[PDB]
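> With chain A held as given, fit chains B, C and D onto it using these hints.
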Amino acid sequence: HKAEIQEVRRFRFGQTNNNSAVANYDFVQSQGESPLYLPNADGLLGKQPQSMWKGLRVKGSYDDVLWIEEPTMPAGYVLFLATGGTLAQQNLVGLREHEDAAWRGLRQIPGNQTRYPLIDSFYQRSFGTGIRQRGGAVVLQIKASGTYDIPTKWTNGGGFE
Amino acid sequence: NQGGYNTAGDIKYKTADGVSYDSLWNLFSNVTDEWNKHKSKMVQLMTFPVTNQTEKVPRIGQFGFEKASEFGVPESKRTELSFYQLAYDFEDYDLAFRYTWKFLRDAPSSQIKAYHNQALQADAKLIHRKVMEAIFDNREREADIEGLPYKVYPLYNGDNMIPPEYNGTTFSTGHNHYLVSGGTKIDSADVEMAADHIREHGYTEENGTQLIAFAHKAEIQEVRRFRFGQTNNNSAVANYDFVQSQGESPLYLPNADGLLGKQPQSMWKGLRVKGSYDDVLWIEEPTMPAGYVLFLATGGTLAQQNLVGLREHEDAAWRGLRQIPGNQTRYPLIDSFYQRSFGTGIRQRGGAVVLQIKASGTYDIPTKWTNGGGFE
Amino acid sequence: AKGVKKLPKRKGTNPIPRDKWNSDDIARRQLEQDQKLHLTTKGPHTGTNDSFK
Amino acid sequence: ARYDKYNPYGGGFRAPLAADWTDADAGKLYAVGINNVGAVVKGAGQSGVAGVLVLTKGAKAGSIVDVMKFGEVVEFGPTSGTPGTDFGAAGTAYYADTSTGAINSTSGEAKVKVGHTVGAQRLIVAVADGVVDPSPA
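Protein chains in written order, with my numbering: chain A, 1 to 161; chain B, 1001 to 1376; chain C, 2001 to 2053; chain D, 3001 to 3137.
In short, the hints are calculated from the structure, not lab data.
Label-pair ranges, simulated between beta-carbon atoms:
hint	chain 1	residue 1	chain 2	residue 2	range
1	A	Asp64	B	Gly1229	21 to 29 angstroms
2	B	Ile1162	A	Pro151	19 to 27 angstroms
3	A	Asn91	D	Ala3126	47 to 55 angstroms
Even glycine gets a Cβ: it sits at the ideal position worked out from N, Cα and C.
So that you can see chain A by itself, here it is in the shape it has in the complex:
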């Protein structure tokens, strides 16, 4: 979420961040970000980060991680995720759907009340989710103390929206 990206883009090598931590890397912005003055004519050692990943827009990189502003992300949370390579050719979460094609996808079912005085119709979908690559991502919560809290928008059994 942008509240954390607006901190992360200010990290600079050997300089001090929010909790007295010193940065072991600098944040390097992508091409197509707003321009920046550099102390040296060569300026950058190594290669500048890509502007776009998978059709999403990249802010820059820190420790070779690409950072993406993600509007779905709740305020105090970051998701770190591996992609590509020898491991991680396959995405993080599996979608299970029914083995028979007649029961896959969003389906309309004709309903028990038919014409007069009352009429019904139903929509059904059935699927579910699980992870194989249990080490393929990390969730970081920005809080001062104690245990991890699940985001209320995404507690299992909290709702369907």
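Coordinates of chains B, C and D only, in the frame set by chain A:
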């Protein structure tokens, strides 16, 4: 202004020292003020011709699924429509020339052509003031269209019109784009806040927009000094730095040696661009009052048409600048009238921000751009 | 290619930096227009001098 | 309040409305009964409490209404609340005042049970035969 009837005795001489009064008035017969050419250009890049006298913006409610069961059946779902709507104002404006019969007998014909030219100048001044009043005057107005009353709007002004949801962001009532800096000199913090107040509504670089800031040079002389992670006015620290445009002289560059990226364009819509901060282009605007900045979105999917609508009458016989034959006719007195009719309103209430640089208290409308304060 | 532009530098004698502005372009364009607000005349050679300072 | 499950064959019944229902009652739930003429009134008629009623818009006397005895009502809250903003408590019984037809969670010996809630907004309507206690101690 001088005013009154034109009389014999306002004709100063036929000639003085061999120079005719007619040949003096002949100079002014076709002149145009270079400021009125600029004011006309600003109106042109800041307005669109209104074809629809009212706008309606609808929305639909939404619902979710339920967990299924083996015997029973689901709860039913419904949804409902609702809308806001906006209109464009309309008003009529008049001017007169009056003469005595002795004056029209004795005056040089070049003075009448010079007078006509100056009315045609006063028209371009009027339209510019009423376009800028539409932006800077933070108060609602009413218009009647087909005898139904409609609200005419400035930018978001702390009123109960809730902005549309964008990227899951949900706004409240009381959303406001007339901002007070809370300090005597402009901060980077203020510039950053003002640009983000636009970009939260769409109007982003991903939507393909450019943001522009129009300012008086007294504020640009602060903004050009903002350097990354350095302190500015009011203890603010700049989260970006000001990069001068491709045409600004090399001796203004900071104590740096390379630029990551590319320098801003030297010119936008034929106006000189000083540079950029936070990807906003900064432009010195000759007409801008001292303590104010206007931030404006341009050219995206959103903001592909300009900020302010110009409403004009539906019948072509009532459009343009018009001459009305007057009602004192040929002796002893003569008159004639000029009339111009139009009005202004904003559809894209989030597509711009007005920032005022003052230490404390609420927003002030610039005196020169208050409703009722005058006509230029 | 690399994403860095090398900034220009002083070359022994430097043209004086002077700020271009939109306001000054209006003033210059007005001045070259006002330059036409002159009449040619007969001189002092007209039997009156009321036009002269 | 809104009807969500209604069964025409013995879950509810058609009856004529005895008096006009104004749009101030639109979306409210009342308990209802039958007067000596055979028309629907709020509270107990001669019949006792016969069922519950909701109208989505106001309706004239002598128009026909679907009274519910068994079924489900969604967007539910007590009769005194504002419809579509004020809702029932989850998991609780609901009782009609037989004099006014007003429904709320407060039990009472002369009141008639109309149902109970499965979560805050869904009422399972299943109207009792008679009052909660016809012989108080």
